[PDB]
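Before any questions on how it binds or moves, here is one chain, the form whose entry title says "inward-facing", in structure tokens.
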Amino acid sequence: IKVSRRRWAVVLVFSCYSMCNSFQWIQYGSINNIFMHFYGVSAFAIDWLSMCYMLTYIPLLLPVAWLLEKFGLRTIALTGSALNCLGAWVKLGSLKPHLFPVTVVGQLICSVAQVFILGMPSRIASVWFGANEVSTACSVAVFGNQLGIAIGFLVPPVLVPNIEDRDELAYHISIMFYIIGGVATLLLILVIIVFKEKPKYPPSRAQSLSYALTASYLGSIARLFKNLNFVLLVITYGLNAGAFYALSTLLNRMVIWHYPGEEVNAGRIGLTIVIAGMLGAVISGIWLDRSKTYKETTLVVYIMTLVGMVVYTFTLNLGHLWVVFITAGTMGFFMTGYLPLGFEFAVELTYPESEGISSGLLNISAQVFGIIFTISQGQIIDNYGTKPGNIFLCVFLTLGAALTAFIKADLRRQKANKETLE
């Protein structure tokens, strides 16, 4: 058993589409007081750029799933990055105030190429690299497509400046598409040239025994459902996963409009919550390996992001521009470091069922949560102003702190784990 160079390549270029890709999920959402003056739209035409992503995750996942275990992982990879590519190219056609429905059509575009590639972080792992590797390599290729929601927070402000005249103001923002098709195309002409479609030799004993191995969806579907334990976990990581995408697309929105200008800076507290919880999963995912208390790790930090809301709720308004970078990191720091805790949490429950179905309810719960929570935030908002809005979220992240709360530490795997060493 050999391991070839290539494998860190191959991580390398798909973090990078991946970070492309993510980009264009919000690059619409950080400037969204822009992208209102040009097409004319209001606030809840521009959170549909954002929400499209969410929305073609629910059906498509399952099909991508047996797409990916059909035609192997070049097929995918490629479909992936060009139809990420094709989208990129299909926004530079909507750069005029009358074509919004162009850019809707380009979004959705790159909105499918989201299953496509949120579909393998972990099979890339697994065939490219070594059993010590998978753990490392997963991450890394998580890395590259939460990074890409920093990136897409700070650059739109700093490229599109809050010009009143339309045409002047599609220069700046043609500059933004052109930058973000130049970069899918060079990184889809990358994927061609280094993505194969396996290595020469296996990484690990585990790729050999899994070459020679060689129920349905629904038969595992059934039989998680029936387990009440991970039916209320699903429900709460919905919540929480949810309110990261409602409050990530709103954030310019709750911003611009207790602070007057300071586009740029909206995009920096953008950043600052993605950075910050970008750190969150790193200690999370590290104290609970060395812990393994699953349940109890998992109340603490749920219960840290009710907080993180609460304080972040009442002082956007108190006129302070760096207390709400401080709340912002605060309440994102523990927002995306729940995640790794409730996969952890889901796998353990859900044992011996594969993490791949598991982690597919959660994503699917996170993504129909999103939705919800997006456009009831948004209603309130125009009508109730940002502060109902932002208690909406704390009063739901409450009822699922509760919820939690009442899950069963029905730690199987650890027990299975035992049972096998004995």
Contents of the next structure:
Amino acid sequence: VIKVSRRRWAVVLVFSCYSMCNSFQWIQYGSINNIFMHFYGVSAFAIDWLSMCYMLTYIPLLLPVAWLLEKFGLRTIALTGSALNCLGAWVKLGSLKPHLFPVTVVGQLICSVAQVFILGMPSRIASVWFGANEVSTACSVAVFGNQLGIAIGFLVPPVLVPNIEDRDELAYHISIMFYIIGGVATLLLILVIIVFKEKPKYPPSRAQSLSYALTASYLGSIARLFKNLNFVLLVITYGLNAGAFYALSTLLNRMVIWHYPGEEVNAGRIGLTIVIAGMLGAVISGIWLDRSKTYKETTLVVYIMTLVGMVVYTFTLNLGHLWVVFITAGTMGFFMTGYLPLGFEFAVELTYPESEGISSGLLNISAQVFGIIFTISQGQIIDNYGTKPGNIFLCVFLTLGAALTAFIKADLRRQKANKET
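Would you mind generating the form whose entry title says "outward-facing" now that we have the form whose entry title says "inward-facing"?
Here we give the lone chain, stripped of any partners or molecules.
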């Protein structure tokens, strides 16, 4: 028997909250980058890697973590993700001295492991908790919560910590931040103890009801996924999109400031505009897939509009009209961020009934791999040739992704599971 449970909204609310906190810790060093250089006495190279360290950790650690999902269940993953998120925050405030930078690094690495238990989960949490209609929008809300942390992590950190020169007074203001994040993370950890069950009393969908019945080697499931040509094409195309989005967000500050001397306040606002606009895009994408369930057609059109946004952004950025960048970065951030819940849910369609922890996990690895490759490669291109070739470099790889996306078949397998009734 299929019956939706009321707890599903608390589960996503709690998960999106501690994914919000984990995303806060990702960019809390980037927002205060100028000050953290002065406090710890390190180069900007080190502080940038406190955010980049999440990318290198996801790639190797996912396959063990994605293996823990079947063996120990979903609850252990969220508990480990929230507890390490809490532990990684309490290690931070052991480092309020200029000479205690390594404690910050190991504190961030603990949060870095905590992401692997978080970022690939939205597809898995939505499947096990939500019905056939809400399954697409629930994954969007979790991505919506994750993106909210980046938005909160852009405007809150510069408020709590002023740009003061005295270390002793500076350490106090940073300490309040670590208590707030540590306090929030510990409270969210306590919530995960209570409300976050392993699975509802009844299956939420006929797709999940069939998934449990048919559910053997972990390496066998990996082998099946890479035999699927459609999934392999989706992994590459999703990586080229989400990877370019990570390359866009990380490198946008240096591109905008290059054309507009000064204007760092607006440059931070443009970076916030993508995150805020992406919040609308993520939710709209989830609701649209709920009503229409046209995963293949939506993926192609949304991904093309991502290419169009890059084409417009590349050639209008040089124009010098700063108010244009808000719309183009906002429009582009609307579609790339709306692609993330769309990519995760399209992967589940192509790879049902294999676990959503691996399918959306391998999509994330591609995003991390291309996100790293595009970050350094576009960084050298911008330094050596300027930002205009840097954006065209992203445009070319988004063009190849556009062609490959057109070759993905509409092999929606979990839709067929619900149709049988």
